[PDB]
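Undergrad: Below, each chain spelled out in residue letters.
There are 4 protein chains.
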Amino acid sequence: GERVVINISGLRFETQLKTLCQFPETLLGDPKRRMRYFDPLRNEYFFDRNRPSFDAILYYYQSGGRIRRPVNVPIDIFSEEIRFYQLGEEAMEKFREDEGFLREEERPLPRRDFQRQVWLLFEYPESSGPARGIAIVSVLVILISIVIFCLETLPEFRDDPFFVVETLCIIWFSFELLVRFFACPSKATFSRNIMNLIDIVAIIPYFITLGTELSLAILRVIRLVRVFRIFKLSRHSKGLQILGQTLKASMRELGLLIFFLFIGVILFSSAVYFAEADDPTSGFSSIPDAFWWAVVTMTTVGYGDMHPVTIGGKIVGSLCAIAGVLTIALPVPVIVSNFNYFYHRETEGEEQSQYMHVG
Amino acid sequence: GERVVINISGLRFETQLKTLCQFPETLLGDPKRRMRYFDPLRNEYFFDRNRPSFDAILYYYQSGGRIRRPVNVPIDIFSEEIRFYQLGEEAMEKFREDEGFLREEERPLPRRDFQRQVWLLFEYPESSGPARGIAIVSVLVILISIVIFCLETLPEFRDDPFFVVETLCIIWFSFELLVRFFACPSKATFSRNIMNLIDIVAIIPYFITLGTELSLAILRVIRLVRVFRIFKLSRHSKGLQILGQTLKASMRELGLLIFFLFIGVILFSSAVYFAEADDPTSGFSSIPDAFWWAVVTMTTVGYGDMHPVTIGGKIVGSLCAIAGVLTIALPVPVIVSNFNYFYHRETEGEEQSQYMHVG
Amino acid sequence: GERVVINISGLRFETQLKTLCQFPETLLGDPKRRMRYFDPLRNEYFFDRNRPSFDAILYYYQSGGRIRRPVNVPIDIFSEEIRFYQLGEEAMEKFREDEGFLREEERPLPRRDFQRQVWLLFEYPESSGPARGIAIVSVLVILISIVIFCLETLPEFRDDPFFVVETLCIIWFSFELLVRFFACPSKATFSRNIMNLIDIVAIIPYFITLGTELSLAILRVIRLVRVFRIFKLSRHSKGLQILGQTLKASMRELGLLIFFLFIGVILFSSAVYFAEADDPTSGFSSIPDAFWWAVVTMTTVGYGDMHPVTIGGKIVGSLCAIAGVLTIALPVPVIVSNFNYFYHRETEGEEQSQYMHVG
Amino acid sequence: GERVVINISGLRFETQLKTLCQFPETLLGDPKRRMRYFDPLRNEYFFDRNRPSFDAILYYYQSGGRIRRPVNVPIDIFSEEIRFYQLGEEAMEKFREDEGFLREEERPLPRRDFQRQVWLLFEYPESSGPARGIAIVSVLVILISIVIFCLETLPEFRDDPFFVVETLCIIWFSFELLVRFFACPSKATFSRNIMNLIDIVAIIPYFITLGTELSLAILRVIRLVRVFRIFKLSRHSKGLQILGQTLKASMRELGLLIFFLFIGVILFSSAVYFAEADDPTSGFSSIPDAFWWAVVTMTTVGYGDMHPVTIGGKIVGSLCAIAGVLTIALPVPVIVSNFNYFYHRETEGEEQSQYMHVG
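Residue numbers (the entry's author numbering), protein chains in the order written: chain B, 103 to 261, 293 to 347, 359 to 503; chain H, 103 to 261, 293 to 347, 359 to 503; chain F, 103 to 261, 293 to 347, 359 to 503; chain D, 103 to 261, 293 to 347, 359 to 503.
Some hints here could point you the wrong way.
Pairs involving identical chains hold if they fit within one copy or between any two copies, as the list cannot separate such chains.
Derived DSBU-like pairs (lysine-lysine); straight-line CA-CA distance at most 30 Å [to be verified]:
1) 120 - 196
2) 392 - 458
3) 382 - 392
4) 120 - 134
5) 134 - 458
6) 392 - 120
7) 134 - 196
8) 196 - 392
9) 320 - 196
10) 382 - 320
It is worth saying that the hints were derived from the structure and are not from the lab.
Could you put the whole structure together from the sequences, leaning on the hints where they help?
TA: What follows is the structure, encoded as C-alpha cells:
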C-alpha cells in the first residue's frame, strides 16, 4: 500500500511496497536484507550502484518476471547487477534465452566404471591423452578411404590387391562402430543423434557386395554410398557443423531459391524456342533440350556448346543473362546471415558470454 | 492555466492543465478517471508504470496527435501503455502506420447464403475441408498443363491424342473461371485484382485456335501464351507474392539497371570494333554484331564463340570484364533490401506485431 | 556569475547566467524575451516543450556553437526547437552540414530581359511549356545520332545519302551550342561545368573531317569521338548523375581494384607458364600470351579458347579461379555504399529534409 | 563514509566519499582541487559541464578503472571530459584500446650521427628531400625488373644482352640491401620485420645461377622466385598493407572456404561419374579427371571443353552450378568486413581519432 523510495546514486525510484513483495526472496523483497541500506534521515534506500542498470531491474519487479537489457549497459555489467540484487537462478537463466545463448546440455552417463571410462574416451577427444590419439587416427581412416575410392575409380586399374587395402579401413569402420553401439547413456538416444546413423551406411553397402558376389543397376548405387564416407569428417571438423546447421536452419529458404529459378528455366527456354525454331542449324531441338541452356545462362556459367544464332534469340538470351542475377541474389543473403549467426556463436560466442553469465 | 505534476514511478513530468484538456476522453484528460491516482500529500499523480514509455505518451499530448516510440521500449510494452492510458482506437491505429504494419483489408460479401458459401469456399482455401481439397487439385491442373506443353514441344511427337489431354485441363480452366466470375462482392472489383485477368488469357488463346482452324505468325504467338499458365501458380505460392511485390516496388530501380548497362553495350562494342576492324579473321563484322559480345562479357557469361584476337582488343576486353561488375552490382542491393522488406512482413511479420497490437 | 534554472516540463537544467549571455540575440539570451516564461514561486523558467531536445540546445550554449542532434529526436522535431528558441539562421544552417544536406547553390543571371528569358528556357526545362518541349527534342538528336553511327558501322552499307542524315543532327548540335555559348551568367563559369565542354567534342571531330577531305590512323580516332555522343544523355538523365558522382567519389577506390588484380595477373600467368612450358600442345607461348588467360579466369568469364592441360596447370588454374573472387569482392562494397549515399540524397533526399529545414 | 553530491548542470549524482578516495590524484579525488566548485548554500559541487558524459566518468570511479563511452557523446567531447576531470594518462590510454585505436610504436635508434642520419633517410621516405627521391627510384628498380622478367619470357628472344639489363637491377637490389643490413636499431629486430627477409630472396636465387653455371628441375624454380620481386612493391604501396593484414587476419576463414568447396569437388565429380560412365563419347574418364570439371562449374567459370551429355548428368550439373554459389558466398563476407576494418583505420582512421585523443 505505502511506497518505498530507492536512490540509485542520485536517481530516485518510487514503487509501492507490495510490488517488492511479489518476490520475497530477493534483496529488495526481503525486509531484513535491505535494512542495512536504509537512510533514516531521508526515508529511502541508498545504493551506490550502476545508474542505468536499475531501470531494467525495476521492470522485472513490475512486469512480474521479464528481464530485459538496455543498449547502454554491457553483458558483463548487467550480469553483476542480477548477482548483487539476488534475483535468483531462474531470473539469471532468463538472461540466457533473452540474450540468445542457450544453456549447456547435460550428457547422460552409463552409471558404471568400465562404460563410463570408454564413453568419455572416444566421444570426448579432449578428455585424455589417447582421447586425442583416437581423434588423430579417426581422421586417417576416412581420409585414406576417400582416397582409395578415388584411386579405385582411376582408369589405370579399372581399365584382389585393393581389397586388402579397403578391408584395412572397414574393420576400423567396425572398430569405432562396435565400441560405440553399446557404450552410450541409452541405446535409444544413440539412435537419435544423426552423426552415427550415417556412419552405419559405411558398413552396410560394402556388406551387400559380399552377399551378392557369394541386379546390375543396384551394384552402381551401392558403390555410390562410398561417397558418403566424406560425411564422417563432420565429427572432427567444427566448420561442417556450422555449415550443417545453416542448411538445417534454411530448409524453406533453399526451396524458395529452387522454385524462383525454375520459373525462369521454363520461361526463357520457351521464349528462345519460339524465336529459334525457324532454323535447321539451331541446336535447340526442344524445350526439354533448351532446359540445359537456360540453367547455364542464369547461373552465368556459359558453356559455349549451345549458341543462339538469330537476332531474336540474342535479345532473349540477353534478358536471360540479366534475370539470372535477380533470380539468384534475392534469397541468398538470408543464408549468409544464418551462417554468420551460427559462425559467431561457436568460435567467439561463449568466450565472452558464459564467462560471466552462469555465476 | 495551472499545471499538473505526474510522477511516473519517481520521474516527474509537469505540463499545463490545458494540454491534457485537448483530449478530454483519455485517462489523463478526464477529471474523474485520474482522481484515483491523486496524491494529496504531494499534490501530484503517482503512476507505478513504465518509466521510459511515458516520455512518448507525453509527446502525444503536446504535439497534438503524433505517436512515436523510443528505441528502448519494445512493441509489446508500448502497446500496453496505450491501452492503459486509454488513448483511443484512432491513437492505437497510428501506432500501426508509424510502425509500418498495415491494417487488414475488409473483404466484401455477396449478401446471400448461396454465393456467400461459395465465395469463402474457393477464394479462401483455409476455410473448410474441401476448401483445402480445391487447392490440392488447383495445383495439379496448371502443373499437368505446363508438362504437356513441355511434352507437346517434344521432338518425338512433333517430328488428336494430345487434344483430349489438353481439353481435360481447359475445361477445368473453365471450371474455376465460371464459378468465380459471378460469385464475387462486385464484378467491378473482380476485374481489378490482377490474379484473374491473367487467368482468362489461358482460355482466350486456345479459343482463337478453334476459330482459325474451323496468319501463320499469329499461330506461334497464341501458343506462346501457353507459357503464361505458369503465372497461375502464384495463387497457391506465398513466395511468388513476395517476388511479385519486389519487382512491383522496383519499377524504377530495374530501369536504372538496364540503362546503366546499355551505355556499356554501346561503348565497349564500339571500342572493340575500332581495335579489331583491321583483321579478315576477326568475327566482329559490325557494332550490331558486337552487341552480343558486349552483354556476354559484362554479365561474365563468356560463351566462347566470339574471340578478340589482337592485343588492342584484349585490353579492351579486359576493361569490359571489370566494368561489367560495377555496371551490375550498384543498383541491385536496393532490390535485395526491397525483397527482404517484403519477405520479413509475410512469414514472421504479423506473428509478433498484431498479436499484441489490435487489442 | 549567478545561475539560472530552466524547467523543460519537469526536467531541471541549471547553467550560469553568463553562459546565456554569450549569444544575446536568442530567446534564452535576451532578458526581455524570456521574462514571460518566468515562475516567481519557484525562481525558474518553465517551458512546456520537448524534454530530450533541450539537452542538445543546452550544449549549443556551452560549447559555443556546436549543434548536434540526439538519436531519439527526429529531424522535424529538432528543427522546430531551433525555430522556437530563435537560435538564428547561422545556427540553423549548422544543422544542414551537420546532417549532411548541403545548401542550394544560387545561380547567376545575365541581368537582362532577353538573355534572362533564354537562360531559364533551355538550362531549366521545368520552367515553361517549350522548356519541356526543348527537352523532349534534345533527347532525340543524340538518340538518332547514336543510331546512325550504329547504322554507319553496319556492314550492309560500308561493304552521300547518310551525310544529309548526320548533318541534320550536327546543326542541331550547333543549335544548342550557339544559343548557350553567349547566354550564361559568365563565359568563365560556362567553361567550368563539364556538361558542355564534352559537348563541343561532338562538333570539332566532325569538323576535322571536312578540313582533311577538302594521316589515316587519325581518321579512325576522330570517328571514335562519335561514341562520345552517348555522354550527352547525362543532361536528360538523373541516373547518370548518380553514377557520375559515384566514380567521381571513388577515384582512389577504383585504382585499388586495378592494382589488386594486376598482381594476380602477373602471378598466376607466371605460375601457369612454369607448369605448362613443357608441352608442344600447350597454347601458353609466353607470359605476355598468358596475360589474357589470367584476367579471364579471375573475372570468372572463362572463354574456353585457352586450356591448361597438365595436372600442374589445373591446380594452378584452380587457385586462380578462387583468388579471383577475393581479388574483386574486397574493394567494391565501398563503391556500392558510395552509390547509395548519392542515390538516397537525390530522389528521396530533400523531400523530408528541406521540407522542414530552411524555415 | 559520508556521501557527496555532485550537480552536473542540474543532474544530481550522489556517491560515498570513499569512492572518490580511491584515486587521490584526479579532480574529484583531491580535496584542494574541487574546493573551488563547492556550493555552500546547497552542500554540493556544481559543474557546468556536459550532462550525459558524467555518467561514464562516475562509473570509472565505481568500477575501479573501466572507461566506457555512451553512444550519444562523441569522441571529441568525451576526450575533453577526461582532460577536464584529470583522470590521468593511464586512464586516457584506456580510452584508446577501448575504442580500438592502438598506440603508436616507438622506433629504436642507432644512437649515433652517421647511422641516425641514414636510418631516417631510407626507412622514412617522408623525412627529407632525397628521402622522397629514394622512394621514386625504389619503385623503378622493381618495376623494370618485373618487366624484363616478362620480357625474358617473351618468345621472340627465347626462341648476353639481357644480362647487362638485369645486373643493372640486382646491384640496385644490393644497394638497398647493403645500406640497410647494418643501419638498424638492432640486427635482431631487422630480421623480424618480414618486409626485408622477402627482399633477400631477390638476391639469393640469382646467385645460385652463378654457382651452377660456373639438377635441371631446380633451374626452373630458381627463376620462379623472380616472380617474388612483385612483393617488394608493398614497401611503396599503402593498399597492399591493407590486403596484407586482411589475409593475415583471416588465416582460418580462408581455410574454411577451401575445405567447404573441396567436399563439393569430391561429391559432384563422383555424382557425375556415376551418371556418365555409361558412354564411350563422354570425356569423364575418372573422378581424378572429373575434378577439373567440378571446380570450374562451382566457380561459375565454365570453360566448355568438358560437357555432360546424358540427361542424368545435366541434372547433376544443374545442382552443381547452384551449390557453387552457396559453397562460396558464405565464408567471404567476413573477409570483406575484415578488409574494411583495416581500410578504415589507415586512410581515415587516425585523422579524427588521435587528433583529439593524445592531448
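Undergrad: Against each hint, give a clear statement of whether it holds in the structure.
TA: Now the hints, each set against the structure:
1. 120 - 196: within (23 Å within a copy, 35 Å between copies)
2. 392 - 458: Between copies, since 26 Å is at most 30 Å while 40 Å is not.
3. 382 - 392: both (15 Å within a copy, 21 Å between copies)
4. 120 - 134: Both: 16 Å inside a chain and 25 Å across chains, each within 30 Å.
5. 134 - 458: For residue 134 and residue 458, the Cα distance exceeds 30 Å both inside one copy (86 Å) and across copies (78 Å).
6. 392 - 120: For residue 392 and residue 120, neither the intra-copy (47 Å) nor the inter-copy (56 Å) Cα distance is at most 30 Å.
7. 134 - 196: Classified as within; 26 Å inside a copy, 40 Å across copies.
8. 196 - 392: within (26 Å within a copy, 39 Å between copies)
9. 320 - 196: neither (33 Å within a copy, 55 Å between copies)
10. 382 - 320: within (25 Å within a copy, 42 Å between copies)
Hint compliance for this structure: hints 5, 6, 9 are not met, and every other hint is.
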